[PDB]
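Not every chain is included here, but those present sit where they belong.
Residue numbering begins at 1 within each chain, and the chains themselves are lettered A and B in the order written.
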Amino acid sequence: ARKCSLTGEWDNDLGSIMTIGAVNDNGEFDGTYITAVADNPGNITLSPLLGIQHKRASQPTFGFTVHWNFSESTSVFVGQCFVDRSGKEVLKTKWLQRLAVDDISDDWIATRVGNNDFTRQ
Amino acid sequence: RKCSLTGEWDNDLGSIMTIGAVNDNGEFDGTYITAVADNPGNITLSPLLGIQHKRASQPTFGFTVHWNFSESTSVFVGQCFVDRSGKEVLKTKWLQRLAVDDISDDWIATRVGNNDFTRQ
């Protein structure tokens, strides 16, 4: 396995855990995501994700979408995978979380922003 | 159904997006022709992948575009709204990640913005 293939198990600074499947020839992948935190944390369940990474660069950019199975929200993550001289991989990401609102007039309220660093589990 | 993302959309910048069939889990692929880029002479049609909620009449959704002509990747997240006349609008916010050479330069690498899409 080449470094910065997203395939494998990762966690982040909030305690969330992500598993990513095989990455195909075009950089596409699926996975699962167990968030440590939510608007309603009692409701949390494992949720699916789908994304794409670049493959030429040793330190590729990537993004993915998480369809939360327990709420009407969706999150997206985008970032770059870095490798240090010891071979330690870190995903540096920023994210947007979209809430569902019932009226288009309330759109302004509905997007949160943040960051997460992921390392191999 | 209204707010099935399948079809052709454009946005306020002139970009054009086509989305394929949405499967039972809300997954879809598509293509994106951006009207703008860091190097607009290099723009080519690029692939996207994402997921929408299915039940809601006004579902949230997300997708990733893998730009085929740069090292960058963008993600879009938003909600599809339908007014009482039947008109659909995708209200989105996006992040664009640029590639940097070293982890110490990570702070510089993420742009944020917005786009509204309507059917082409």
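Quick note on the criterion: a contact is a pair of C-beta atoms (placed from the backbone, for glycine too) under 8 Å apart; a residue touches a chain by one contact, two chains touch by 3 or more.
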Legend entry - Entire complex copy count, 2 subunits given: 4
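Throughout what follows, only the chains that are shown with their structure count from here on.
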Inset, instruction - Between chain A and chain B, tell me the centre distance in angstrom, where each centre is the average of that chain's C-alpha atoms. - result: 16
Legend entry - Footprint of chain B on chain A - complex, ascending: 26-28, 48-54, 57, 59-67, 72-80, 82, 84, 90, 92, 94-102, 104, 107, 110-111, 113
